[PDB]
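S.K.: Residue-level listing of the chains:
2 protein chains.
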Amino acid sequence: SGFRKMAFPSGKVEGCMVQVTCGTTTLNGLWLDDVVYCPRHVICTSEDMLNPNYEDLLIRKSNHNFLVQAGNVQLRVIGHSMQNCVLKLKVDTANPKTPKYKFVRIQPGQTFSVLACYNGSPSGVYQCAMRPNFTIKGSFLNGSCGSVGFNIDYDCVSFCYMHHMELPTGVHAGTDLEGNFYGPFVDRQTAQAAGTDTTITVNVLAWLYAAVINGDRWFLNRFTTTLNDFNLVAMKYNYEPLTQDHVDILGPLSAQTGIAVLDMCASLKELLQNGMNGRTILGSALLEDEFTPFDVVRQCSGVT
Amino acid sequence: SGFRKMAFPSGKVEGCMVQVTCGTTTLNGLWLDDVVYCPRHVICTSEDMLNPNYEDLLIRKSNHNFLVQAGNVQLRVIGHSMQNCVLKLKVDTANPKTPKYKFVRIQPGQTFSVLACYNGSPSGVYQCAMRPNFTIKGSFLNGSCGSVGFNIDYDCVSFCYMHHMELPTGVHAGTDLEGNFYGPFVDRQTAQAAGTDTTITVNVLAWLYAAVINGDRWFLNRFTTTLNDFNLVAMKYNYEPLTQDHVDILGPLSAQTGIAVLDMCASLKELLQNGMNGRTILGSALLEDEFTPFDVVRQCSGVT
Ligand SMILES: Cc1ccncc1NC(=O)CCc1ccccc1F
Ligand SMILES: Cc1ccncc1NC(=O)CCc1ccccc1F
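Just so you know, the sequences run in chain order A and A'. A prime marks a further copy of an entry chain.
Mapping of the first sequence onto PDB author numbering: position 233 corresponds to residue 233, and the numbering continues sequentially without gaps.
Mapping of the second sequence onto PDB author numbering: position 276 corresponds to residue 276, and the numbering continues sequentially without gaps.
Do not take every clue at face value.
Same chains, same names: a pair is fine if it fits in one copy or spans any two.
Said to hold, decoys possible - Taking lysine to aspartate or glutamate and the EDC-like style, the derived pairs with C-alpha atoms no more than 20 Å apart in a straight line are:
| # | residue 1 | residue 2 |
| --- | --- | --- |
| 1 | 137 | 216 |
| 2 | 97 | 240 |
| 3 | 97 | 14 |
| 4 | 137 | 290 |
For the record, the hints were derived by calculation from the structure and aren't laboratory data.
Turn these sequences into a full structure, and let the hints steer you where they fit.
M.R.: Structural data, given as structure tokens:
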């Protein structure tokens, strides 16, 4: 028992981190097989910041201008190409530490672990959610670009995020591993609107189930609700509308605890309307939405 | 910017995890050089649970009864000994993945990362604090015993915790790597009092500094206090009394932000006396005490 915001073990990803330098800019790259992936903005200088012409900037670069160092050994770059907002540097040596991996585009509301890196060296790991507005609230400083987000399914690493930007609001934006941004963001030093965000309802309900499993039950009540009634409350409080697909994904937690999904919705409705009353749930004084129903099941069953 | 409850990258520790089976019990062991460390209760059966005579239970075991498997390869056990509450199994092969390491006994209030494991396989990593009462609030299920806590200083892993028990209250207890319990706990299936816990004041202040650095400043006020006045409030609210050693450790954060430690104490005093008023600090609706001043500095500067 106990419930923590747990990240996946980062070892398989640590073995893929490299440093990429082009000109005076250094950031992180991900070395998988004989390719190093990194944000294309490694080719920018301070004057280019506002609206870089990446095609023209890249034309001024040759393979030998991309300095790739895997810890302390230098990689030989034999090709370079830009795919969306990422650069792919072909190297002459396959990473001996390449895990089984996939590139996936995650959905908003899904969670993943980030391995924060600086100069190709891992500094820490944390779990987070891709917000409904496609931003992430991470911990990134200058030099962290190229750090990646991922999930692990036993031996397979599914890479889902590569860090590119900090918006002027202090929230973060990045791409899938094909270089496509999540959200409306562009890799330019320009103020950019992140959409209206919402709280991930299905994750809050999953976390209320994790709370009941771990002994925090004070929020359970004598009520029930309907999806329609619950969605009026979700609307008022800027929560994602709950659908039958969400109720279906909560099936295992409802089956394990014996608390019907709509009865848990009535507990969530009461907490939204009345607050916590100075109490806590799993050590939090707010409704947590960074655990998916899969995360709760994995953590509550001991999956490795 | 942004501030997260970040764990150390777990790779160096993942390479040390093994499974240890003795009889019908399986738990995790830590393989460093040619020694595997694990909780001694791996030698218990269900009847022994209440008050095991570990010396007698261990006398019934030979080297060949300890089955140690490093992922999928079997280790040959050539010696066994009990040191306090840990067993040390000498193996004929040094772990090729042994990082530079130290065994340290952490102080209450210090933080560390836990790599939760089941059957010698890592399942997740999270950061936590050793409570002032020597318990930890982790996420551990049956089979997680032998999972370890650690800190990393560039290339050196300082192992500080090995998991042994879940108290009937759902909080966790364990030992240093010499097998000495943190706190008054014994490895028996008996209800055991954890002392009165307190909130780690110096960590809350460190986290208020991390909040100001990251833009959350609404809690700053026009007041100041003294250590004496602050400690009367700390007393009322079950916070650790603040000392000059704590003020000294907060020096770097005070210097960086320009907010004198006693002025931050006056913000903390007001938050204790008035609550958050439905507001948040770094995404939390409570005062967080699981970041030390060193953690804040490391995270806010980008240390790898
Ligand atoms: C400074 C920082 C901090 C944290 N995470 C990320 C960053 N870096 C950025 O936001 C870089 C912004 C940028 C500017 C010019 C061209 C492309 C581009 F993506
Ligand atoms: C069940 C569980 C869950 C999480 N963490 C740990 C555990 N396991 C325990 O508490 C084992 C308790 C014990 C009983 C008999 C002899 C020694 C001993 F330490």
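S.K.: Is it within a copy, between copies, both, or neither that the alpha carbon of residue 97 lies no farther than 20 Å from that of residue 14?
M.R.: Close inside one copy (9 Å) and across copies (14 Å); limit 20 Å.
S.K.: For the identical chains here, do residue 137 and residue 290 meet the 20 Å Cα criterion within one copy, between copies, both, or neither?
M.R.: Classified as both; 11 Å inside a copy, 19 Å across copies.
S.K.: Since the copies are identical, ignore which copy is meant and state whether residue 137 and residue 216 lie within 20 Å (CA to CA) inside a copy, between copies, both or neither.
M.R.: So residue 137 and residue 216 pass the 20 Å test across copies only (14 Å; inside, 27 Å).
S.K.: Is the C-alpha distance from residue 97 to residue 240 at most 20 Å within one copy, between copies, in both cases, or in neither?
M.R.: neither (40 Å within a copy, 46 Å between copies)
In summary, the structure is inconsistent with hint 2 from the numbered list given earlier, while agreeing with all the others.
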